[PDB]
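Quick setup: one chain, the form deposited in one PDB entry, written in structure tokens, and binding and motion questions come after.
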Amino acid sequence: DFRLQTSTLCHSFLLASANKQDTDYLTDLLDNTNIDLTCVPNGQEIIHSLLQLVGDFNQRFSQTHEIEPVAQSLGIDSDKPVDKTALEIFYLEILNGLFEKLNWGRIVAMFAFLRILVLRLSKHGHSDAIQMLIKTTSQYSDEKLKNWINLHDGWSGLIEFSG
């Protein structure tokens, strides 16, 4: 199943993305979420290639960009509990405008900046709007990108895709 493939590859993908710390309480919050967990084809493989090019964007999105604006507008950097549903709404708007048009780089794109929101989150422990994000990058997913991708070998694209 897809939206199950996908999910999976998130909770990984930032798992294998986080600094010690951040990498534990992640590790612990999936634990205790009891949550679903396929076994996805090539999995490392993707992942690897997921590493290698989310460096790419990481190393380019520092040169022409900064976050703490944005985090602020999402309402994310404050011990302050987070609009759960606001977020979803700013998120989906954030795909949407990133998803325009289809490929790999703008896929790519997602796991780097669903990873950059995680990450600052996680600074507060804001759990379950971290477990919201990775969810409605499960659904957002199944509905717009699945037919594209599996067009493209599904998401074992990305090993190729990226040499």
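Numbering follows the first chain given and starts at 1. If you superpose the two forms and keep the largest set of C-alpha atoms that fall within 1.5 Å, you have the rigid core. First, how it differs from the form deposited in another entry.
- Just one residue from the list 109, 35, 102, 116 crosses the 2 Å line for C-alpha shift between the two forms on a rigid core fit, and it is 35.
- Core-superposed comparison between the two forms: CA of residue 73 displaced by 2 Å or more.
- Core-superposed comparison between the two forms: CA of residue 147 displaced by less than 2 Å.
- Once the rigid core is used as the reference frame, the Cα position of residue 25 differs between the two forms by 2 Å or more.
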Contents of the next structure:
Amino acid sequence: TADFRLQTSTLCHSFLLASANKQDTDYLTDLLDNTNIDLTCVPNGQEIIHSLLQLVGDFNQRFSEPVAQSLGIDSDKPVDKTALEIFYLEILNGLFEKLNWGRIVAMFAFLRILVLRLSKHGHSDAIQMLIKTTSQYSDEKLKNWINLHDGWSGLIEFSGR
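Hand over the structure of the form deposited in another entry; the form deposited in one PDB entry is what we had up.
Single chain only below; no partners, no other molecules.
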């Protein structure tokens, strides 16, 4: 088994890559290193990724640019990694006023939108910062709750699979 921070980064990388294969064009597989990521380290990791993909898709349909436009995530220009982090962390600090599995699904959904828009151009460093930022934020704020809910494995029963 692995520490929660490593389990959360491993699960963030596999959900982002799997979501990219879903896209008409996948840019992420080439621009990210999948050599040191093993979902096998995460307990029940495959079903967690399948569960998170089912839940994030239902979320994307239900809920459909103010700061993305400011941060130029859709630009070819190198981005401000420092500013996107404060904005992402603050956006997450607002989301987790209430802590439920549904709010966790939304955080992964936001990371998917930011990572997939960033991927069109090779902003690998920003995507990696965001994956690390999700991992650090989850270890600090979401870990006690995620732990008291069967862990990341809790998403498997929440999904209904």
